[PDB]
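Heads up, one of the protein chains got dropped from this complex, but the rest are sitting where they should.
For reference, chains read A, B, C, D, E, F and G in written order, and residue numbers begin at 1 within each chain.
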Amino acid sequence: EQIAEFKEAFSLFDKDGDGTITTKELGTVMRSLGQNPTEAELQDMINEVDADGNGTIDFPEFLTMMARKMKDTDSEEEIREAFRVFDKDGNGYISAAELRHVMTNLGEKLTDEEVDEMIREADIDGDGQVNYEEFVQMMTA
Amino acid sequence: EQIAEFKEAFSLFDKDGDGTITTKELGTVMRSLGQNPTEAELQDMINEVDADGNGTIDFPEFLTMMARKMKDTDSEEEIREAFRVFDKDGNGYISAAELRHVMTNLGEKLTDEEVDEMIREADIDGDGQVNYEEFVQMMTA
Amino acid sequence: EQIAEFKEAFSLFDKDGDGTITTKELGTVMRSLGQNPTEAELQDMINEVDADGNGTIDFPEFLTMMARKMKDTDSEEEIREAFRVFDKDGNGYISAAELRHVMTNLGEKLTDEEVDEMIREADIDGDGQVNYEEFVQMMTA
Amino acid sequence: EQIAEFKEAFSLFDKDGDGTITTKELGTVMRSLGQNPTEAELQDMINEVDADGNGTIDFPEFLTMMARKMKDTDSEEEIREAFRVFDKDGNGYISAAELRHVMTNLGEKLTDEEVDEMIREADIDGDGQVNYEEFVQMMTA
Amino acid sequence: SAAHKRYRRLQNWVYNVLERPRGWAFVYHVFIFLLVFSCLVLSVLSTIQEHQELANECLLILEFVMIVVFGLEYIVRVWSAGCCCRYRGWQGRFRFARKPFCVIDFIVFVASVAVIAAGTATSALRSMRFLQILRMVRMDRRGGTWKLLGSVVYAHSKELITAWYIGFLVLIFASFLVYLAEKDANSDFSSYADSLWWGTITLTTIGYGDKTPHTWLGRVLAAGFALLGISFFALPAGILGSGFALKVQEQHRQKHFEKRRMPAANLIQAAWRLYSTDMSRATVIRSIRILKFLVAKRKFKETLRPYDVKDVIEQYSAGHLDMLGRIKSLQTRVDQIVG
Amino acid sequence: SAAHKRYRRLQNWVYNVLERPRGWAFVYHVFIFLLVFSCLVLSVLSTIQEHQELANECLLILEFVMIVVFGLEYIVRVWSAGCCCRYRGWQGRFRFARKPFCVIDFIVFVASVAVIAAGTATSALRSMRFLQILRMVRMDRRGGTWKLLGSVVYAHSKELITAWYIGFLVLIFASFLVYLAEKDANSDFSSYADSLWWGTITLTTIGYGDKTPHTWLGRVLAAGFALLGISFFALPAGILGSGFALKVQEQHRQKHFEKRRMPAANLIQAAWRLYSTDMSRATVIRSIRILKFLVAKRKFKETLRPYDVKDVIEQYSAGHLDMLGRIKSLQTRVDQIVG
Amino acid sequence: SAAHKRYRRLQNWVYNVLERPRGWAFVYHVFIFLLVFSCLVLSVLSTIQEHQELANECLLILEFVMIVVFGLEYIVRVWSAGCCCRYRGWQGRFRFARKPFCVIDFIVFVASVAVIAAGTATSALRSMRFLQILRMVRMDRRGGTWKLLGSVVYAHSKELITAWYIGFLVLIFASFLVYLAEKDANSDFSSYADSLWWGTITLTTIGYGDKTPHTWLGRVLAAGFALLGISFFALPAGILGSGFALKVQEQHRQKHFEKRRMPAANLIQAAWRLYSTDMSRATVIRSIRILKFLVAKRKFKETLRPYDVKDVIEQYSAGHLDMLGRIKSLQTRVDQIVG
Partner (left out) sequence: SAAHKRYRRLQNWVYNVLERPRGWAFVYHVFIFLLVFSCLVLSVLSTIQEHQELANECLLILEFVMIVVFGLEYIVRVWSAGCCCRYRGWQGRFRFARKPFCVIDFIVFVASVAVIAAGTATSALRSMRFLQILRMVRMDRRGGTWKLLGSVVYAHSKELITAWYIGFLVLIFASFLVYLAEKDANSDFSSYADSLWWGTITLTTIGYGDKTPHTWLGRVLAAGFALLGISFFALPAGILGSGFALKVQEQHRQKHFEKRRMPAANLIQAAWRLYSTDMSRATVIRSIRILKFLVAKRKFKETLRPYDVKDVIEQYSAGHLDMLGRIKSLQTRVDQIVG
């Protein structure tokens, strides 16, 4: 039944029944929701799961990505390595205020409400320090 | 007599009798047959056999290329190395269906009829697996 | 009191009271004095003291730069290394005439009057040779 | 007296008496003789003898170049290394016909008359082989 | 939770103590290593006759110190780990998992001490115990020095096999030849086994000098084969040493490329945005966030590459596109004017 | 062809067995190596007196095992190879080509076993036989460890010659000097040959200690020349070891550049298109396909280069062309407006 | 100041003499090293009986030379340094700072000479004095050979720890096993301490041959453990040697990138302009000059990088901006024509 629900999502992209998702199908669904990816961003996204290298996503590749999410060990390690960039002490901790600065000032910045929900979800200590390795296991569970 | 037949082909390119083939002579004969190489493709082709480095092919270079074809040991090794890219088992086999995918989906894709003739010519096993190293010796014989 | 005087200079840049100096605030004060930095030069200047990497200078970063000037050991070493580029003998000396050539002919050339003041300030020997390592300590004191 | 004759040539370039030759002075004399160097070629030429790095040739640099010509050991070695590129045997010989091909077909090709004078000047052996290392000493003498 | 706030500050000191074994491992680890080392050397000296009895009482008083220190530090580490995030239960099991076989030997040596004191070869047994302790305390960082050695030796497996094989071949040739050379003159080489022993001490360059050729033919064979094989018995050290230096230099350059800020920062954001799809107060939408997460993870692993190998092709593509835009502009300009 | 279909599935198991020697060589090759090694060590132990007779019966029962295992495996390999694509005939000859001199020694040792059993020094002969077997089974991959060693030693020939030469020069100087130093005090150095022997065991750092200087001049010369030459007798190991590490690191990077998909895929296509010129149901046309094949083979060997050496010039040419197009555009724009 | 002009020319010769220890250190430093070395070797030879008394008078006449040469050179160096820029006072203190403990030993050895002559074990004391002198004269360049060694050994600390640790583990295993193997046959291995000694001379490949296994089990254990650990006792040399070569090659390339002229020239200018803000005949204005100084210092430290690591991204940014300009041009061209 989980496979059938993935198939129904896959068919929203591949409305023609061709069994593949190209940049046209992916980007069309995304822009209908009000997103505006570039062509190079749509190519990068498809390339992450396109083993055939022909610029498409087929259902086996789609199902694999959906079943896996972030649960794999590669995801847990890389996310933990990203936090460690901002942990100079090396003790596995990061300050709530330092997490807030990085999340709202670097990269694809989180909004205030996004970052508020993120700090609420981490079981912050009374000092104001966050143990990010248990934060990584909650996102990889 | 084989040399004289090569000379007669060489003279179709070098119609002026100058003893050389430039991009003009090569590309003119090619486009008359309905091919459309680019200038950079004509330069690459001539450069593969132009030892003098002056952008021409002379008859000794033409004759050497025609006499040799793919029979040399460098050709046999490199073609076999190309198949091995697609042999993960390392057993010298490739599936008929995997050969078909690579031939029609990568590179200068073969048409269906081209790839049909190619799979017919390989003595396919009953499983559907192709021993490509004996396929390489048939093209290097 | 020294901190308050730095704060008053910092507030000339950050006239809005936002606690930050961007390329707009920095470049505006500079051009009012008749300087004409480029945008890429304003970004380089801010980047030298912007630890947050968000393209701003805050007061703690401003105060650190102003308190330090050139007194740090990194500055003394690098300035001394720059003189040594032009000391082939390796004896820690450079000729007054050679210093004059380098100062007025390379880089952001000194005017004649600038370089005259510079050679007056170095305690030139009777030969005409300058001990630049004691010249470096006077600028790092 | 040799120095005075170099000075008189130097003054044809530096007609203003400024003691320097820039790309303007060098290129102007060259084009008057019907040469057409590019600006980048005039900069390369001056850069070969400009120790001050300020884009000029002064008389001491001019005199050094004129006194030295090709007599230095660096010139003898590099010219001999250039011939050796075309000596596959490694015996210090090159064929008259091979020298003729390289001189008239590569680089800033020699005219037929130039290359005729060059082969006349080398004491060619009866076979038709040229000992280029004694050819290099005649140009470095 | 104010008493539990003092409990949390307890864990604060508890993790601060955790800092010392990992960060400034120097002093603590060295002092404990000296404990174990002193016990070892005192046992050794207790074997020799010169200083025996005083070493015996010192052994008793120091093995008490061993057992009490290890008893303290067992609790110290067990509680010093995650007190309630690595809570006392099933994670308790995982605190006393396999590698606390160190704890097991602790406990059994407690029993050994009790047997020695009140309960009643023995000395060899105790010595071995100290050596198991030696091993563990010099290795409780899971796979450490062992992991590094294994990785590097695996990397150079191909060359190492050659060195080993050729060296062995030379050894068994040389031993046999010399044995034949003087199986009749030297009483030393009375058996091919004798010759093989001589070969093992002649190839590695130990040269005990207990068994040496005496005939002028044996000497020549020994000289030639030594010159030919000694080098082979010294390659593995050379290969491994050089591999270590190469790896060190490489990894310092790789870490010197510390470009990581933005890719690392964006990865946490894409992961949070994906995670929050299933719990935010706010399937196709989730599939898009998974694809973006995977793009962000790669950009981050591309900074764990030194961003140079792909950069050559990256800038080629950029420049090619710039030239394509130039071509298009020129073409449309012609189409605007001439048409 | 259904019975022949079972025959083909036979060859399926036949090639699947071929997999083990090549792919997971570990277990099979190691077990057979243990067979040979056990025979060797048991022969050695049979030489020594302590365990002789029981080792003799064990030798008999194990040499039967040797001969039967090799007899089985001869057929096993011969049929295990290409059964009919490497068919039994002239390729049969090429299956029993030279390197099956291993098979030849097999057959002659069959005769040796038969001679020992029913037919009737000898032991040395048999030992040598086991050593030829040793060699072959540890080397039947044509040129292997030997090929690698040869390539690397050839690469560093220039440095190796220097090491060898200088070392030899130092040896013959030192031996002569010390010989003169105490040809009269030590009975050891009674001949220059004695001194040369001492020099061979003093330079390589074996130092049997059978012959040592006794005069305070000899000691000084020995010390100086040892300090000066020992290093030279240890260079070859250092050079070779480092060359191995460099080659390993280089080849791992070269293979890490696994860009190969498209060039490799296009090469097979250009080769098929050229080949099919002379057999397809579909001279100048062939000459064009040969030129395109040669372009595709090079693009493929350029991915056997790490595509970096040529890339610097590649992108220069691209950028130069972009700038040339920009110049042309500007020029024609002037020619359009101003004229 | 004409007499003081001759004084300045004095300092000219004074600094010219300073040149020799630093620049052409060869001859001066070597001659002084020979002084110290000759004193050492003559002391050694004075220990042996063959040449004793004549060596004694030579020792006296040469220790006078030592003391007078050092007395001269103390003043020579003290005045040879900055005569009045490193003036006689508090910089005087810093001329006789700690490392002139060499001067302290000088002075106390003056007293030793005086005690020997007029004042009155002793010889060992004097020998030690010569060895402290030996150290200092072979090291008065602050941290030199020591600093280089420390840097490199620190760099490879991780691998070195592995080598040390594993080697030690192998040593104590092997010694114990062999000791058990023949604690009853050999009188040699009568104590585990004996076995440990044997292990120290069997692992490092010294092999005095004073204590060797005699039982066929001991021999096998010794052979195996030697083959297994000898390599580990030879890794540190290999790692360090290779690290040295890597560092040498790297630093020659880094210095070969001698691009430095303009960045170095601009740095002095930005520093002078900043400095002159507070003394020129000519706060916000100063803050701007500080920022420009910091930009110029970095550009200069970027030429102390080989300007290649950042260059990949540098040119990417350049090319990206070119393409952005091309996009803008095309866009505005459309907006001009079509609109």
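Rule of thumb we're sticking to: contacts are C-beta pairs under 8 Å (C-beta built on N, C-alpha and C of every residue); 3 or more make two chains touch, one makes a residue touch a chain.
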Residue in contact with the excluded chain [from G:249, G:280 or G:283]: G:249
Candidates F:113, F:230, F:284 or F:304 - the one touching the absent chain: F:230
Full-complex contact with the absent chain, from F:68, F:169, F:279 or F:285: F:169
Which residue of F:11, F:12, F:91 or F:212 touches the chain not shown here: F:212
Residues of subunit E in contact with the chain not shown: 48, 50, 205, 207-209, 216, 238, 241-242, 245
Where the missing chain touches subunit D, by residue: 5-6, 8-9, 12-13, 29-30, 33, 35, 41, 44-46, 48-49, 62, 65-66, 69-70, 74-75, 78-79, 81-83, 85-86, 90-91, 102-103, 106-110, 114, 117-118, 121, 125-127, 131, 134, 138-139
Contacts of subunit F with the absent chain, listed as residue ranges: 155-156, 158-159, 161-162, 165-166, 169, 172, 176, 180, 191-193, 196, 202, 205-209, 212, 216, 219, 223, 226-227, 230-232, 234-239, 241-243, 246, 250, 309, 312, 315-316, 319-320, 322-323, 326-327, 329-330, 333, 337
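By our rule, only the chains that are shown with their structure count from here on.
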Equivalent interface to E-F, taken from F-G or E-G so that over half of the residue contact pairs match: E-G
Chain pair, A-C or C-G, that carries the greater number of C-beta contacts: C-G
Centre-of-Cα separation between subunit D and subunit C, whole angstrom: 46
Separation of subunit B from subunit G, taking each centre as the mean of its C-alpha atoms, in whole Å: 62
Multi-chain contact residues (two or more partners), subunit A: 53, 106
Per-residue multi-chain contacts in subunit E, two or more chains: 193, 205-209, 234, 236-238, 241-242, 246, 261, 315, 319, 322, 326, 329, 333
